[PDB]
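Just one chain is shown here, as structure tokens, and it is the form deposited in one PDB entry.
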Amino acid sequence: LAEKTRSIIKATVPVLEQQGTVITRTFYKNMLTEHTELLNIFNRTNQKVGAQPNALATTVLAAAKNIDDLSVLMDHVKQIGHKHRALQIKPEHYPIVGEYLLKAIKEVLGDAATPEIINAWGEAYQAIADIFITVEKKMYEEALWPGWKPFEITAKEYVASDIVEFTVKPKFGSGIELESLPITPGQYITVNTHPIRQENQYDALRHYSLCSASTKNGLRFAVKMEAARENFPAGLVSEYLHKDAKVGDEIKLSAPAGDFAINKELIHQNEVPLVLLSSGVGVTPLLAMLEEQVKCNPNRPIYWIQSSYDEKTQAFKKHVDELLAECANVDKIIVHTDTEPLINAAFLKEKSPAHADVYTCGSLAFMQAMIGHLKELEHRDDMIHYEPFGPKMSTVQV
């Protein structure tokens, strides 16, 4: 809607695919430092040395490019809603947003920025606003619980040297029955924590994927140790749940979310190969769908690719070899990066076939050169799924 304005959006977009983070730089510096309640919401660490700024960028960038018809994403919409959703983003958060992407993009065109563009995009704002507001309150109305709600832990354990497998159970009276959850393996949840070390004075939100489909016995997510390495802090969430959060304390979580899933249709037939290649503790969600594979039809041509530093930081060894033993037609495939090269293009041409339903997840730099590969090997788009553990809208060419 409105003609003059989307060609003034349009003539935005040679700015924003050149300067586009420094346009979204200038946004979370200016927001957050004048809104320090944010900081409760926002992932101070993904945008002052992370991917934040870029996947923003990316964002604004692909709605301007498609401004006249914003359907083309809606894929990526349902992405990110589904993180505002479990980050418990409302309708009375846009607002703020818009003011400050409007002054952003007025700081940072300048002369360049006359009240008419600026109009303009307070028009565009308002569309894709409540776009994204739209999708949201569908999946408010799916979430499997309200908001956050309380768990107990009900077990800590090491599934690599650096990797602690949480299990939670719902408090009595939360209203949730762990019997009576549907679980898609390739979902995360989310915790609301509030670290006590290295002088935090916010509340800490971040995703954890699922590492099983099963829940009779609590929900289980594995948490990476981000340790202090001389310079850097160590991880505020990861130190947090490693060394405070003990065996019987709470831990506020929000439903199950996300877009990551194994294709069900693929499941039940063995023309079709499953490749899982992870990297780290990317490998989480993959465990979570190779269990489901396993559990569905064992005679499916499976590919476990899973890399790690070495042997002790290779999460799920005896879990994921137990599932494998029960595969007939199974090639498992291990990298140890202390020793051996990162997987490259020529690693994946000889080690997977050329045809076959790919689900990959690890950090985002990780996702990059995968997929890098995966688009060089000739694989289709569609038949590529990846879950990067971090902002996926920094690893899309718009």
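Positions refer to the first chain, counted from 1. Superpose the two forms; the largest set of C-alphas matching within 1.5 Å is the rigid core. What changes on going to the form deposited in another entry:
No residue in 356, 335, 57, 367 other than 57 shows a CA shift of 2 angstroms or more between the two forms after fitting the rigid core. Remark: with the core as the superposition reference, the CA shift of residue 133 between the two forms stays below 2 Å.
Relative to the superposed rigid core, the position of the CA of residue 183 differs between the two forms by less than 2 Å. Superposition of the core reveals a Cα shift of 2 Å or more for residue 103 between the two forms.
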Given for the second form:
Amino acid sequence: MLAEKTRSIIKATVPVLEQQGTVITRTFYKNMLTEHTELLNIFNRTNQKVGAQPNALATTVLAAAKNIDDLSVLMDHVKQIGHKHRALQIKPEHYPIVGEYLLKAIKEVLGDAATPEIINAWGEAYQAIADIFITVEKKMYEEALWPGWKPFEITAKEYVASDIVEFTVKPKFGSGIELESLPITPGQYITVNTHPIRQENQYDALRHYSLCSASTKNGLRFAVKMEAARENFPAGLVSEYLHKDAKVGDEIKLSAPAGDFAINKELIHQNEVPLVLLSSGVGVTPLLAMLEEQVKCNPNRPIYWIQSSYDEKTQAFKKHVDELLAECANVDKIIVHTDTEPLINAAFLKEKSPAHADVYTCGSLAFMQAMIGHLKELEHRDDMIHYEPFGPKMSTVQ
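Now the other one: the form deposited in another entry, given that the block above is the form deposited in one PDB entry.
Chain alone follows, minus partners and molecules.
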């Protein structure tokens, strides 16, 4: 696709963009977001100042630029980003805006070093990259269980731990969504479009929340941890909104189930390769959904439930989990309270799970980082390790 003249330039100018990453990406958001202010209905301003989004330009540009020789090596991450982008209603028309400001950023930072051929080459590289995304995302759009945001009604609010509530939600009249006959794969998340009233907030806020169950008869269920303030910065915007302000009976807007996180359907129906469900904190949520599937499809499979939380009180889904585990032939229930016990290490996973195992893991950015490292050392095949981070996945690879 991209030419070697214009491909050489790209390789040759990665050292500058890698070194000037933070500045460019800061310039990019400052400009783009104060020109197109409506975009603040999509981008979460807090991502830039907290998690993995200060080097995100330099994450997604260094990745591209470094892999410019062969872009297909990133295809897995593109597909995962895709689910998020479609979930978030990112459309072909958004892409040029990004590209336009990406070049404008570089020009501002590099000055006369960013020559017309340098700019040109990136302009080119960009559309090539964007074209892969638009195409991946188009297929996802035509395959979603329903188009865009649709109004749902909050039919129940229940604490399933001291600071995690579970919302059960039902589609409103004329949303055109019949609850039963919505095929959900356990491990998919939905995405909400809220508009918080606190903290001087003026725009929409979009967040993915993993479904607790693939069963839809009584509504869709998701569970939200309260990201509190404590002694430092402010509370998480939507988690506080949901917890404090979303009342049962209120409307909420959701987009269709997204995501790649799913258990291996071939290994469900056998008893030789055990299923390992490895979770921290609210991360337990898609795993609960996955557990419910295994228990219902085949309860003879060996299951290892490895749930970590701070407390018994902060331990999510105690009733729910017990009840499902009671139904299986051979389980090992492993509950880690980090107020009493050490964090999960490789040593721990060796002793507590089998050497050959079909493993699924979920929780914070940091919990993933750790778990993937541990399982790699114990030499679990990559095919056997699967994970879904509760932040940006482009920063939980390499």
